[PDB]
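Q: Each chain is listed here by its residues.
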Amino acid sequence: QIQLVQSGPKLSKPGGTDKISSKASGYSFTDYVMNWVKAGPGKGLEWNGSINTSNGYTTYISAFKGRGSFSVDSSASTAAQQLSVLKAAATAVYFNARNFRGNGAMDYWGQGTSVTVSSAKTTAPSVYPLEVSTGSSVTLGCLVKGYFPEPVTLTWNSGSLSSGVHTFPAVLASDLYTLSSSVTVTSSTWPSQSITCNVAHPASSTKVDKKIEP
Amino acid sequence: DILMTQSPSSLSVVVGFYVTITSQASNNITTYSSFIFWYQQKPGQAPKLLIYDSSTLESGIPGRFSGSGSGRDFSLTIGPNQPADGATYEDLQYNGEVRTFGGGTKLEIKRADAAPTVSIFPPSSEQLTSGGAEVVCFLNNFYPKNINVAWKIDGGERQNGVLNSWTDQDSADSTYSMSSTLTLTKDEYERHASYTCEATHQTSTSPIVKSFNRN
Amino acid sequence: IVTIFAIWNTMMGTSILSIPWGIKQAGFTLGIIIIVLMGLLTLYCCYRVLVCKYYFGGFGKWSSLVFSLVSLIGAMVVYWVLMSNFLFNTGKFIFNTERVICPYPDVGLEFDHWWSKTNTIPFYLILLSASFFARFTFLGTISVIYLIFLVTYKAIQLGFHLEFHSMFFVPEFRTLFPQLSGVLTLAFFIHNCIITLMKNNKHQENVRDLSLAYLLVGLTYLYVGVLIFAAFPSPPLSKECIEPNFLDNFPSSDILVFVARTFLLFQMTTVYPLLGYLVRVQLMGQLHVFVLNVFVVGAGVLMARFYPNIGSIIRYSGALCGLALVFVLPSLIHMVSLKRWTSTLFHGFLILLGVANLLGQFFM
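Residue numbers (the working numbering), protein chains in the order written: chain S, 1 to 214; chain Y, 1 to 215; chain B, 1 to 364.
Since the hints were made in silico from the structure, they are not lab data. Honestly, I wouldn't trust all of these hints.
[Claimed, not checked] Simulated restraints, written as ranges between beta carbons of each label pair: (1) S:73 - Y:148: 29 to 37 Å; (2) Y:16 - S:153: 31 to 39 Å; (3) Y:17 - S:65: 27 to 35 Å; (4) Y:16 - B:146: 53 to 61 Å; (5) S:19 - B:173: 27 to 35 Å; (6) B:255 - Y:28: 19 to 27 Å; (7) Y:96 - S:157: 45 to 53 Å; (8) B:255 - S:73: 41 to 49 Å; (9) S:88 - Y:200: 35 to 43 Å; (10) B:363 - Y:9: 24 to 32 Å; (11) B:251 - Y:28: 16 to 24 Å; (12) S:205 - Y:28: 52 to 60 Å; (13) S:85 - Y:168: 31 to 39 Å; (14) B:137 - S:65: 51 to 59 Å.
Note that beta-carbon positions come from the ideal geometry of N, C-alpha and C, so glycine has one too.
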């Protein structure tokens, strides 16, 4: 089971620096080539350089000569990438991907690393359960308001409630995010059972449970 | 530096039908096997390799994906469509010292029209005791994407203080969804009684309205 | 004359099929200087002869025969390894492609086709000579002439490139300069049959004919490998890719590749009975036996089934042999048979370089 797993989401200060890693497992690390890709908002993907591991040779794209710096930890079977002195424009998702020469495109990719470049301060989220105000099916909600930066993970009843769920994407308003999610369960299920909202914000060490009551 | 002009930029297709996505290279990306590839990327997911060397099909990818072309003009076809194809598609060249991508092609699955299921939520008690108050109004599982929502405070079409959000096309029922949360203050929220959420859509000449009275 | 051509023909054969790789190890602008420098020493060493009779006495004795043997032991192993690579590819060409590949290492139709063992049965029977040489010689001239046609016509099919300086390319002054020197010593696989041949022609300044054949063979090797190294698709593919055997960078079915592998397979097949049974049996002796043939066949059989990195053998073999007969014995014999100004210093250096080459291979 080939697998590239990347580091977590990073919040970089303007001018600050960071280092992004990708841990390979499931294949001989030196028989393949490691590549890095950038995904700006709406804009397409941008190849930003690649490195052979058996001989340590890298190749960049001139647009990135001076931001990306490539490493390989041949023993740990991981490949790193260093981005130095960031500005608002470098805020994107950075993918890393495998490549065998010739007989191959990039066949296996990492899950992605989201980098946010902002001087704002990390705030913890405030969670508010959306009570219902009458016979069909009922829909519940959970409102996450006033948080930063942007991971946050939202589940219902610890994940044992997956169907009928809509997790909406965060929206930025005055250097704070606000998020909302809904579940629609049967009238015979609620409020007979207990449905709670599980919000997590790992940057602020925040874990909240919020039970929806009438 | 090779430019990959990809067309069309957007594209809608009904289920059970071809889509013909095309790529046009500025130089020639053929070296002896032609070096173009097709990728698929769903939101928040890593891109997925569909076709390597222009016409050879990856393992695990369904046979309904076909690739053709050589030299400078390349095309990708999805035989019959399923809702699981709702994503963005990019083409890549691995032939020059500066690898380039295409502009992307956003596929939209066209399904039978479907009206939204609307529901409205008043502020919570925990919200007010800390100050402030917001009114949420969910529009779930509708088609097509185009929809408009107008607020009313005691019949007054209020437009300041609104924040919307939209889900990408659902990969099972090919529907959309939207959350509009109207945010006021605890002190301005209590200066009224009736808060309504009006939603108009292709499916109805008469807009769907969900309302409530504060007390 | 006939003798230059004769010397050029014998020196060639497989030896060359592992040159671009040596250059990839050493570097482009460095490998060229290695080939030139190695070519002067090798031609210079061939000059210093005026075999066993000249390496007899002086307390050492048959130490040169074991070293001479190693040169013979490893050539038998290379053909065994090379035959399976050529035999199996010949087979895979069955009736029920201008492609360059970086092959993946670690080495119904599968499983059963690659055995190397099926090869042993035809070889054992033939190892029992004059007929094999009659059938031979003729096939070596065709193969090296065809092979150089291929190198040319394949390089014209796509070659140019080159950027000098990295992922696609390789540094010009790589540190693996000693492995090429090790592989390159065997390139001069004659330092053991010159004096038994040089008098067979009309003799006397003889020296010019010896030098010219090296320049030809120097140029033939140098022409080859440059085109391969300078033409390999470095911007799609990359260097590094050129696995020691240069034809290995071609897949399962190339009609030009197939013809060249088969001529080599026919060439080596006729040369191997004659190389083992006619040569190795004599040097060792210095139903009767039928067990010495087993160890040469067995070592090469196990080698080919296990680790079949050809350049891993043309460095040790060609380098351990080269330190011996190629370089330790000429300077010492000249010195011993001197009966200075700077001749001993020069000679001692060359002895040091021989030991450096063997040392160099151990150290990455």
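Q: Now, for every hint given, state plainly whether the structure supports it.
A: Hints, verified against the model:
1. S:73 - Y:148: 29 to 37 Å: Because 53 Å falls outside the window, the suggested range is violated.
2. Y:16 - S:153: 31 to 39 Å: Taking Cβ atoms as reference, residue 16 of chain Y and residue 153 of chain S lie about 36 Å apart, which means the hint holds.
3. Y:17 - S:65: 27 to 35 Å: violated (45 Å)
4. Y:16 - B:146: 53 to 61 Å: Check passed, 56 Å falls within 53 to 61 Å.
5. S:19 - B:173: 27 to 35 Å: holds (31 Å)
6. B:255 - Y:28: 19 to 27 Å: holds (25 Å)
7. Y:96 - S:157: 45 to 53 Å: holds (52 Å)
8. B:255 - S:73: 41 to 49 Å: Because 45 Å falls inside the window, the suggested range holds.
9. S:88 - Y:200: 35 to 43 Å: holds (37 Å)
10. B:363 - Y:9: 24 to 32 Å: For residue 9 of chain Y against residue 363 of chain B, whose Cβ atoms are near 58 Å apart, the range 24 to 32 Å is violated.
11. B:251 - Y:28: 16 to 24 Å: Holds: the Cβ-Cβ distance is about 23 Å, inside 16 to 24 Å.
12. S:205 - Y:28: 52 to 60 Å: For residue 205 of chain S and residue 28 of chain Y the Cβ distance comes to about 55 Å; the hint holds.
13. S:85 - Y:168: 31 to 39 Å: holds (33 Å)
14. B:137 - S:65: 51 to 59 Å: holds (57 Å)
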